[PDB]
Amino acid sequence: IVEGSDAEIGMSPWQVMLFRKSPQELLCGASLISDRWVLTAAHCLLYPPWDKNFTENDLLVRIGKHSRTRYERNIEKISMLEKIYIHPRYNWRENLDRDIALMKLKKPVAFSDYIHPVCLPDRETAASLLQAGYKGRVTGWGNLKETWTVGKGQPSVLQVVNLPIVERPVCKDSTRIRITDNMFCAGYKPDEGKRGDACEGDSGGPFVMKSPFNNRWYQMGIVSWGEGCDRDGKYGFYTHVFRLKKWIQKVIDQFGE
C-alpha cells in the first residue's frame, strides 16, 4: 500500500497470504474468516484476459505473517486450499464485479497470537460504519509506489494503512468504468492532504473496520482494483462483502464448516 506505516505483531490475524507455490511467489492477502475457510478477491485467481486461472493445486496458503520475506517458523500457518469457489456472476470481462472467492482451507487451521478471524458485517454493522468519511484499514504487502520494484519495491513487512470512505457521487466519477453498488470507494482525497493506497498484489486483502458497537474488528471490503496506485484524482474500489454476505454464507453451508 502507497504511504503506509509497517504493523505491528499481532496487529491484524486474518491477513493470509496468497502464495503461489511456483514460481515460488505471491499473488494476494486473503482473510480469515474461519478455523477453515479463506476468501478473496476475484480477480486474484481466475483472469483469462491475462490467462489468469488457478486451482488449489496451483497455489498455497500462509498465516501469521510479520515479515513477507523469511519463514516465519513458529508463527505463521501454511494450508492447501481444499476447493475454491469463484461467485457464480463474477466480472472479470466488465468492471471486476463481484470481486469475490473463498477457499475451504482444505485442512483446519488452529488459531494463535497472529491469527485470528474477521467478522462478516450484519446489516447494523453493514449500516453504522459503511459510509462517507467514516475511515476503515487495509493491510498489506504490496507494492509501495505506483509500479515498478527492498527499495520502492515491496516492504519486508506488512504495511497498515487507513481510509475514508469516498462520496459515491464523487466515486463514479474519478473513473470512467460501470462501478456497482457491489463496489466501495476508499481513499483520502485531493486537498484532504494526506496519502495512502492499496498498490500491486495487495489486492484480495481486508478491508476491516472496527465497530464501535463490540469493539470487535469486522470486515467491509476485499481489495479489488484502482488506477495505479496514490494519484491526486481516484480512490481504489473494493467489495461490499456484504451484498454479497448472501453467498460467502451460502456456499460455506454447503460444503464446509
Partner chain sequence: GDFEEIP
The other form holds:
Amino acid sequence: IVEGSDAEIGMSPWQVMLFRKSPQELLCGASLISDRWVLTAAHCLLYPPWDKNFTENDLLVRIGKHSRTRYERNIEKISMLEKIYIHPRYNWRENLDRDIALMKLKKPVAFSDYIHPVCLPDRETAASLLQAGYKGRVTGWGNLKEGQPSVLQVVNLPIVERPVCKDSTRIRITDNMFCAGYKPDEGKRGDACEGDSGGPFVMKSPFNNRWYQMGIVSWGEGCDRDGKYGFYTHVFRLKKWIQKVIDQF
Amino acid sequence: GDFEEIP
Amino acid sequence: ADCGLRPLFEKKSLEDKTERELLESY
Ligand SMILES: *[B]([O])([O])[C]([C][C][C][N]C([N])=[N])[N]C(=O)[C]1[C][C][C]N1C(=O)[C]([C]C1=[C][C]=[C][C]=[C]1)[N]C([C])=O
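What would the structure be for the form deposited with its partner chain bound, rather than the form deposited without its partner chain?
Now the complete complex, all chains and molecules, led by this one.
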C-alpha cells in the first residue's frame, strides 16, 4: 500500500497472509470468507511467465495478523491448505482476466476479536455500491513505494469510470475487472503495490452496516503513478464460480 | 526473512 | 451469517478512524 496508514487493531479481521515455508516469506494477501474458505488472486499461486506455480504443500495461511514479520503468539492462527482451486478460465497469458482462486483450509478456524469473515456481495448490493466515485478500502503488508511496513496498511480509494480505466493502459480490460484510485486532478493519492496481490477491496453497505468484498488486488503498472490506476478482480461477476466450487466441495 | 520463526 | 460485522467495531458500535470517508462517498 502506497500513501496508506497503519490499520487499527481488529480493523480487517478477514485479512489473511499467504506465506511460504521455504524460503519463509510473504507471498500475497487473501481474505477469509468462512471458517474453511479463503479468497485470493490466481496469480498469487500460478504465473507461468515467472515460473510461479504453488501447491497446497508449499504454503501456509496466517489469520488474525497485524504485524508483518512477528509470530503473533496469542493472536494469529496458522492453517495448512487442503486444496487449491483456480478459475478454469484465468488468463495468465494475456491480461489476468478472471484473477481469482479459492483455498480450502485443512480445518476450520474458530473466530475471535481478530478473525472474522467478510461478506460476498449479492446482485443488489453490487449494484448500489459499485459506482464510480464510491470509495472502497484496500489493505496489505505490501510495498510502501513502487519500503515494507511493520504493520498492516490501509487506504480508501474511489472506483473509477470504465472509460478512464481503459484509457490509462494498453492492457485489454474486461468486465471481470474494475479500476480504482484518485485522478491527477483530485489532489489525494494512494494505491496497492507488489505484495498486496490477493488482498480485499471492501465496501461497507450503508443499508445493513456490513462489510462486503467487491474486489481482489490484481494488477497495476507501477504504484501510485499519476494517471494510472490499480486493477481488481470483480468479485460479483465471478460469484457463480465461487458458489459452484463451494457447493461442489 | 524479516520474519520471526513460526513454531 | 454474521459476516461483515467486526467484533471490535460494528458489534460494539464503535467506528474506525476513516470508515466515515467511505460512507460519505455513497
Ligand atoms: B501482486 O502480485 O502483489 C501484484 C499487485 C500490484 C498492483 N499494483 C497497483 N495497484 N499499482 N500483481 C502483479 O504484479 C501482476 C502479476 C504479474 C504482472 N502483474 C502486473 O501488475 C503488471 C501488469 C500486467 C497486467 C496484466 C497482465 C500482465 C502484466 N505490472 C507490472 C508493473 O509489472
